[PDB]
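Only a single protein chain was left out; the remaining protein chains are all shown in position.
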Amino acid sequence: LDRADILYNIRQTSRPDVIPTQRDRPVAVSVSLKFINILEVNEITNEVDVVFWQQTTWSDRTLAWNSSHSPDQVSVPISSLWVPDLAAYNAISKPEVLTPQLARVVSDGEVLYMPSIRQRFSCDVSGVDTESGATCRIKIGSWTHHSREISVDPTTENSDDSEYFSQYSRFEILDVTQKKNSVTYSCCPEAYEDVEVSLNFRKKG
Amino acid sequence: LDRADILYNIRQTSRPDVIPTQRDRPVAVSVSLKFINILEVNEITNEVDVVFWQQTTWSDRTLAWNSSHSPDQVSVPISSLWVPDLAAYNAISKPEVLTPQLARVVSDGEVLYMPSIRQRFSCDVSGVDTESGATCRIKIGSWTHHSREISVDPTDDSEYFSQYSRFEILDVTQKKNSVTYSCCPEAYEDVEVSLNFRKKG
Amino acid sequence: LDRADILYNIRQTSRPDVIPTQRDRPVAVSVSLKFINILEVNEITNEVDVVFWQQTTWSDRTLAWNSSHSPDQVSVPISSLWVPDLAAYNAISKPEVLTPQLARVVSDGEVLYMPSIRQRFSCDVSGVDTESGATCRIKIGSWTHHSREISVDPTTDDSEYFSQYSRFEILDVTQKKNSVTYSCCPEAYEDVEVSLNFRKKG
Amino acid sequence: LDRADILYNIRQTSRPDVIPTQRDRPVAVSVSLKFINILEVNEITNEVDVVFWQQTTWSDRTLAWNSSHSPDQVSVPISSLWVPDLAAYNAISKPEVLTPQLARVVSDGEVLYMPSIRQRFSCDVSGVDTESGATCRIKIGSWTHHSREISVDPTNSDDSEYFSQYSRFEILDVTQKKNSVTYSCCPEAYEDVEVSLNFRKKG
Partner (left out) sequence: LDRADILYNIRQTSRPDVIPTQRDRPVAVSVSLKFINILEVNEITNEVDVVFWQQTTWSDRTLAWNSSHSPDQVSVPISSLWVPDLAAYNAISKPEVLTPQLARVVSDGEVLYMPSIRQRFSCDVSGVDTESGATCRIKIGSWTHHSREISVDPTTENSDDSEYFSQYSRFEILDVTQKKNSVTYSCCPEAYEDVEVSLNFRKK
């Protein structure tokens, strides 16, 4: 197999509308926000514009191929793949996807999708101008799939919070923490999982 | 049947352009707005920006399947389904759909579509900065289907409302209407959602 | 025939790119603007934002079906139908179509398309804050079809649908049909001019 | 042939991606801007918003049909035709096309496309508020086709006839100049038309 064959096979057989659930267990989705910039903060209205990479991983065994004597990974347009229906609950604009919409697929079916996104959020901006800073909480989960179909978890790994954060922003990041939740909305009987990412930041002098 | 089969069958045979009317009785559509946020209020111009979940339910039996030994529900792209042609009459921007455009379909054909929407409205903003607050009325109905084809009916007020909004919700009420426009002989149904809100102190 | 059959037949056989001219006669298009709101008026720049229903009717016999023991009307996506190439000459933004893009088709081929549109216009805003108000003239006609292919006519209570919450009020709406020759081309092109007389309220 | 047949044949056989070059000669494109309005002028930033009809003509013989006992002209969606890849070099927004995207095609293959366009430009706004006015130069040419593939020429005419009487501005004069430019990126010459719009604020 070469890349052309792999991509052809994926395109011809991939079912972008079918959740790759296996043996009726939930698809385990990992989500991690890598903050790149903070723009347009407004303490009066409690709104903020953020740019972040939304690192998203999951497994879809239907994409798998035998990689002996073949490429181990390819880049695939997300239009040809099933993608988790994640949404930020407190976003007040739709995601502006800044980057090419390609996911990376490994021969065992592991998928990585990591777009850079600019989005405006409603959250707690109070104290952005103090030492202790503001703490903006971003809530992300599957819009339509309950806990038996999609589980959402923060990425297990440690990292430099500001690793990719712009040195030219008027703001700086003090801390990022994550919390997993499972919520029952009065609309539906099942539980829906989400990750809450708490961004602690302040204005630089 | 597995999910793949169900979704394949729906895709291959769904008529997104065909209203699932049965025996010429109207498709009964339920509409309910779950308010998430109020931004950008303007008492001078009587305009307001709102974020809300537009909970929409209806039945389409052409989607039904035998669910013994099969999944009972699936998520389906709305591009593969007929969806009611609802519009907010007093909206002054087109709906900005914030969420993935998927509906939930049950094996008996019951459909739920609940996108989060940001939209600007023309309505009564007067009194927003007072104790009794403003009351903004949002009118939603089928744009082109009369009452014999589509009926619209209303389904805690702040359950999902952002605690970080500059505004707070005092009350939400709903009223069903049936209106005859001078352009057309038939009646058209709508739901009027009255949002009573004020600026927080 | 049920609705599914009718819609299937229309989709399979409709030619959205073909003007439904019959026997060399122009397609008779009716146009009427139902004003819903007036927002963002600017007397300095002579620009105004308007929301209106653009009621558009015409006949396309190719859509017709025998309706005894069948539905008499269906809603059809405009992407499946020929639609008149109308434009507002003095619009300075492209139409923002607010509503689902569906037309109503009757079994004899009569079509109604009535989207709610928000659009900005260049026009005479002077006097908007006076008793007699401003008179904004909106000119609408076929962009590319001359008078032998498309005729345009005004439709044989002005505030009926106008928002009571607008900062403005409508004093009067009048309509005039015109036939104009542009230097770019030898044939005449029809338009309807809708004159909206409005003023700022107390 | 009726219109349905003509439009069907055009749709089925049109190669929107193929430049209708005939016999090693460049496709001759005519361009003319009919100014409708001038909005949002900014003398500090040298930027201006203009609305204009971009009258564009060329010949594509692959579209031709025998018109004896047939319509002589049809309106065709530009998605079904090859269209010149014109761009305004000094535009700072993408064209906002205001009108239905249809071209007029004559039975001999002559094409006319004339959309109304709103676009923002970077140009010389100085003096806009004086008697002699400002002169904004708009440069339009094929983005990717050199002079052996596309030639561009201005269409003696009043490019001002359609200008809004309700604009805050007025047009004093419009002139055109044809250029042939070599860019350091590429060895060939690329043609453009420069339209100079002389205008001022009304007093």
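In order of appearance the chains are A, B, C and D, and numbering begins at 1 in each one.
Quick note on the criterion: a contact is a pair of C-beta atoms (placed from the backbone, for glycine too) under 8 Å apart; a residue touches a chain by one contact, two chains touch by 3 or more.
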Candidates D:130, D:132 or D:144 - the one touching the absent chain
D:144
Per the whole complex, from A:108, A:129, A:163 or A:175 the residue touching the absent chain is A:163
Of the residues A:76, A:88 or A:152, I need the one that contacts the missing chain.
A:76
Contacting the left-out chain: of D:4, D:19, D:97 or D:172, that is D:19
Can you name the residues of chain A that touch the chain not displayed here?
3-4, 7-8, 11, 34, 36-37, 39, 51, 55, 75-77, 80, 96-100, 102-104, 112, 114, 116, 118, 159-160, 163-164, 166, 168-170
Chain D, residues in touch with the chain not shown (by the definition above)
15, 17-19, 21, 44-47, 85-87, 89-94, 122-125, 143-145, 183-185
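Simple rule for what comes next: only the chains that are shown with their structure count from here on.
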Roughly how far is chain A from chain C, centre to centre by C-alpha average, rounded to an integer in Å?
44
